[PDB]
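Asks: Read off the chains here:
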Amino acid sequence: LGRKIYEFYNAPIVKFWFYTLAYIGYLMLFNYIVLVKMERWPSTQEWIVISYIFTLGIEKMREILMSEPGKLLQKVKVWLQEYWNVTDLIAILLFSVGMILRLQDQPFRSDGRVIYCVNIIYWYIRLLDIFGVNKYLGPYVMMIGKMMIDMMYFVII
Amino acid sequence: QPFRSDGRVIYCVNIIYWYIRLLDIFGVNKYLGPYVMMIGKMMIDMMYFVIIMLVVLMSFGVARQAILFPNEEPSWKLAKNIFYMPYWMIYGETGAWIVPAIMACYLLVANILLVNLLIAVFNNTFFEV
Amino acid sequence: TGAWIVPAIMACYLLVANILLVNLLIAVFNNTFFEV
Ligand SMILES: Cc1cc(NC(=O)[C@H](c2ccccc2)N2CCCc3ccccc32)no1
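Chains as they are written, first to last, in my numbering: chain A, 85 to 241; chain B, 78 to 206; chain C, 1358 to 1393.
Calculated from the structure, these hints are not laboratory results. Backbone N, C-alpha and C fix where the C-beta goes; we use that ideal spot for every residue, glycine too. Possibly wrong hints are sitting among the right ones.
[Stated by the list, open to error] Rough simulated footprint, nothing fancy, chain A against chain B, three-plus residues with beta-carbon under 8 Å: (1) 83-90; (2) 93-106; (3) 186-199.
[As the list claims (entries may be wrong)] Pair by pair, the computed Cβ-Cβ distance ranges are: (4) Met232/A x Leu131/B: 27 to 35 Å; (5) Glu91/A x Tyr168/B: 49 to 57 Å; (6) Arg210/A x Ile93/B: 32 to 40 Å; (7) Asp83/B x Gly86/A: 50 to 58 Å; (8) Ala173/B x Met236/A: 20 to 28 Å.
With the rest of the complex left out, here is chain A:
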């Protein structure tokens, strides 16, 4: 029975859906902490959000430190050749910066709330990757991808 639970929890489909449910949990909790206030110290669900981001940073760190090249700069470079992974690093750094601005007193609470207001924009646009798996949403995402370039040249015009 223990082997059955172990085989179920190491299947990639289970890891996918199980990460996705925790990610939906993240999005609802982070919605709650951005619509409702902040205080001198963070609320409990905001601390949950901070632990999400911190352990995500640690996971990205071992993604750096368990790649196939053996020279560390090559590990960092190959890890930074994927666009979504680059913006993941960028977002973790602004969310940390927003944390340091949030912990410092007024007028820094407002700027921390601004940074956490930009983070919900990025952490809903992160969903397009995962979406690119469903048989109907994937071509839609790829159209948005090419429409970036086409709409960009239309912005110049």
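Fit chains B and C with the ligand to the given chain A structure using the hints.
Replies: Relative to the frame of chain A, chains B and C with the ligand by itself:
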């Protein structure tokens, strides 16, 4: 009262379906029927597009409220404010203004992307039908 | 004589330019969905 009041409401919900019941019959005419089947395929295409619409428009809605009214206590009307007011955001308009600027230009480019995506989808759907 | 004239020229120009740019978006984005 008040049972007659919401009974009339349930009747007024029923009127919707008692007109949509006409699509079946509209399927005998040589020109109405392919159109009805276009509603038929466009419903699933629109459903997946509503998934995309929630992912993009809801980030803009929550971002607007977060950058807007900061002094609203826990209530279920906040969920109403995050897709009621940005549904009528056309009525609306330090770095300071820079943050809403990013939000505003993101709203315009997002509206352009999704609306033209939707017209492209519904135009491609015409081919198979 | 020039009180209304050149506002009308500018408004008509903005209207026609807005139309051709919007349908430019329409046609270019109809092509993109075909390839993908
Ligand atoms: C905080 C935070 C973010 C997050 N989710 C992800 O950012 C992402 C993901 C996205 C959608 C569904 C499931 C997971 N994810 C989590 C773990 C690291 C990683 C590696 C490659 C691809 C995705 C991925 N969970 O908490």
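Asks: Work down the list of hints and note, for each, if the structure agrees.
Replies: Here's how the hints hold up against the structure:
1. Counting residues of the segment 83-90 of chain B whose C-beta lies closer than 8 Å to any C-beta of chain A gives 0; at least three are required, and the coverage claim is violated.
2. Counting residues of the segment 93-106 of chain B whose beta carbon lies closer than 8 Å to any beta carbon of chain A gives 0, which falls short of the minimum of three for the stated coverage.
3. Coverage of the segment 186-199 of chain B by chain A holds. Counting CB-CB distances below 8 Å, 7 residues qualify, and the rule asks for three or more.
4. For the pair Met232/A and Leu131/B, the supplied restraint of 27 to 35 Å is violated, since their beta-carbon distance comes to about 20 Å.
5. A hinted range of 49 to 57 Å holds for the C-beta pair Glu91/A and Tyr168/B, which are about 56 Å apart.
6. A C-beta distance of roughly 37 Å is found between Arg210/A and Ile93/B, which places it inside the suggested range of 32 to 40 Å.
7. Here the CB-CB span from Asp83/B to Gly86/A is close to 54 Å, well matched to the stated 50 to 58 Å.
8. At roughly 27 Å, the beta-carbon separation of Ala173/B and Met236/A lies within the given 20 to 28 Å, and the hint holds.
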